[PDB]
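What follows is each chain in one-letter form.
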Amino acid sequence: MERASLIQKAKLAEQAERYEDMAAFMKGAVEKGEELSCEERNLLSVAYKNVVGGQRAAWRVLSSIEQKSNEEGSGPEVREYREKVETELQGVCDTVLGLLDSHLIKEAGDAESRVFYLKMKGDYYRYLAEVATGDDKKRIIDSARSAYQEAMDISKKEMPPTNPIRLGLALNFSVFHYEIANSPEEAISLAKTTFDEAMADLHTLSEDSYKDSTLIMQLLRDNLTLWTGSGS
Amino acid sequence: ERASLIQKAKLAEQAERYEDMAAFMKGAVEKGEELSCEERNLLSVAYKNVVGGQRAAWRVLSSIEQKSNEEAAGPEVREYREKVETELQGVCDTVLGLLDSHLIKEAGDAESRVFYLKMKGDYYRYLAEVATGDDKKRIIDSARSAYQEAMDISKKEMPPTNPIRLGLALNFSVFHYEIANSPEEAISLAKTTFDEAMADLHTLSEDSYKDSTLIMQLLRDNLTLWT
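Chains A and C, in that order, give the protein sequences. Under PDB author numbering, the residues of the first sequence are numbered 1 to 74, 78 to 235, in order. Under PDB author numbering, the residues of the second sequence are numbered 2 to 72, 76 to 231, in order.
Be aware that a few hints might be false.
To be verified - The calculated BS3-like cross-link candidates involving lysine-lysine, where the alpha carbons are at most 30 Å apart (straight line), are:
1. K27(C) x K11(A)
2. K32(C) x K49(A)
3. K27(A) x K87(C)
4. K68(A) x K214(C)
5. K27(A) x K195(A)
6. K87(A) x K27(C)
7. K87(C) x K87(A)
8. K32(A) x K32(C)
9. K140(C) x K49(A)
10. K159(C) x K87(A)
11. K195(C) x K87(A)
12. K68(A) x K109(A)
Said to hold, decoys possible - Beyond 10 Å from chain C on every Cβ pair, some chain A residues (computed):
13. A13
14. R41
15. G78
16. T90
17. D145
18. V178
Hints were generated in silico from the structure; no laboratory data involved. Ideal Cβ placement from N, Cα and C applies to all residues, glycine included.
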């Protein structure tokens with residue numbers, strides 16, 4: 001089907017490293033109104049993650065230049084171009100959130116995929132929050148907070164504390180608390196709690212999941228080590 | 002203004018947004034001012050990166066299209085390889101379009117005129133790596149007549165150790181071996197360019213010593229690979 005061609009082409013774009021095209025093919029495939037398989041969700045995620053990743057990296061470089069020029073010692080061209088990048092980035096996030104709302108979230112049946120999409124919804128509102136400045140910041144921060152909270156409530160009632168999707172979601176929500184909401188204590192606390200609960204349930208894991216789950220637990224410990232300790 | 006476009010192209014280079022860098026350089030060229038040394042290099046980088054990425058992707062796809070013949077396959081591969089091919093053609097046409105009105109006709113000195121006439125030969129050569137039909141011959145010839153006019157405002161204007169003149173000869177020899185499939189002419193041109201620059205090494209200054217020997221390295225590499 002039209003859908004089978006779009007999926008095949010998205011795989012070719014991944015191999016050709018044409019992520020903008022990969023995103024477009026996955027968008028079109030979603031729009032066929034079929035549920036995404038596990039492999040397909042990951043193709044969708046990779047496409048948009050790469051696209052937004054590049055825009056965020058560039059925005060940081062430009063924002064950094066804009067700030068080092070307003071400092072003691074050292078034209079409006081920097082602001083104009085930083086705004087262009089910002090606007091482009093917003094377009095991508097709005098597109099992603101538009102797809103999750105109409106129609107990935109409301110269209111998913113089982114709990115695993117419902118959590119995956121809500122986590123993605125928090126992730127993309129969090130990306131919008133990284134750049135937002137006005138009265139709009141607060142609303143956006145809150146829409147990311149509810150997407151993550153709704154995903155957390157489902158994962159607690161439907162998944163074991165060692166499930167990698169659950170661990171991934173908690174890890175991102177804690178990063179959101181530290182960096183976005185600027186609630187470092189809540190971030191540290193959520194991270195430790197998630198770790199210790201998964202830790203108590205390690206013995207119940209099968210061989211293949213233990214690798215995936217300990218890898219995410221490594222990321223939680225890394226953040227905890229960073230958030231609780233200096234240098235010098 | 003032109004000053005803003007130039008400044009923005011520099012920012013895009015730092016943000017690695019080459020598509021945007023190309024667009025800013027195009028706009029700045031269109032002001033009708035001559036490009037300084039720094040500016041020509043921003044223009045060459047901006048389009049080289051863009052086209053480089055498209056060529057690399059086309060090769061990957063063309064390779065997959067050939068490995069599927071024997072024998076999911078489907079027409080999807082061809083459909084997408086054609087999309088990439090078409091996109092690439094648009095870029096080359098844009099480059100050559102301003103390398104015509106105006107860049108080589110707008111330049112006064114010989115170094116600058118050679119730079120643009122090398123670039124024109126380079127972008128026609130790119131159009132060939134994709135073209136196959138009755139069109140493959142015309143394009144090869146437009147790259148050829150561009151490289152020969154460039155090969156003559158070089159031997160008669162620049163020393164045999166000049167890096168621009170070495171760079172141009174290196175590319176024209178690659179055009180003979182790979183595109184025109186005249187391996188003998190390629191080998192001959194390469195060896196000649198090498199040995200003439202070799203005789204004049206002692207006359208080089210400290211800073212040019214590095215740049216010129218580097219090009220001569222790519223010419224002793226090619227000649228120990230091709231033969």
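Structure-based check of each hint:
As the CA atoms of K27(C) and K11(A) are separated by approximately 33 Å, the hinted pair breaks the 30 Å bound. With a C-alpha separation of about 38 Å, the suggested pair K32(C) and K49(A) falls outside the 30 Å cut-off, and the hint is violated. Restraint check for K27(A) and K87(C): satisfied, since their Cα atoms lie roughly 18 Å apart, inside the 30 Å limit. Of the pairs offered as hints, the one joining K68(A) and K214(C) is violated, with about 35 Å between alpha carbons and a cut-off of 30 Å exceeded.
For the hint linking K27(A) to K195(A), the alpha-carbon distance of about 37 Å lies beyond 30 Å, and the restraint is violated. Of the pairs offered as hints, the one joining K87(A) and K27(C) holds, with about 18 Å between alpha carbons and a cut-off of 30 Å not exceeded. Between the alpha carbons of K87(C) and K87(A) the distance comes to roughly 27 Å, so the proposed pair stays at or under 30 Å and holds. Distance hint between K32(A) and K32(C) is unfulfilled; the C-alpha atoms sit about 47 Å from each other, more than 30 Å.
A C-alpha spacing of about 39 Å is found between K140(C) and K49(A), which places the hinted pair above 30 Å, so the restraint is violated. Straight-line distance between C-alpha atoms of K159(C) and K87(A) comes to about 46 Å, which puts the hinted pair past the 30 Å bound. With a C-alpha separation of about 50 Å, the suggested pairing of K195(C) with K87(A) is violated against the 30 Å cut-off. A hinted pair counts as satisfied when its Cα atoms are at most 30 Å apart, and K68(A) with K109(A) does not qualify at roughly 45 Å.
Taking the minimum C-beta to C-beta distance to chain C, about 8 Å, the non-interface status of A13(A) is violated against the 10 Å cut. At roughly 20 Å from the closest C-beta of chain C, the C-beta of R41(A) stays outside 10 Å, upholding its exclusion from the interface. Distance check on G78(A): its Cβ comes as close as 7 Å (rounded) to a Cβ of chain C, failing to clear the 10 Å threshold; non-interface status is violated. The beta carbon of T90(A) is kept farther than 10 Å from every beta carbon of chain C, the shortest such distance being approximately 13 Å.
With a least CB separation of 30 Å from chain C, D145(A) remains clear of the 10 Å interface cut-off, as annotated. The claim that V178(A) is not at the interface with chain C holds, since no C-beta of that chain comes within 10 Å of its own (minimum 24 Å).
In the structure shown, a violation is registered for the earlier hints numbered 1, 2, 4, 5, 8, 9, 10, 11, 12, 13 and 15, in ascending order.
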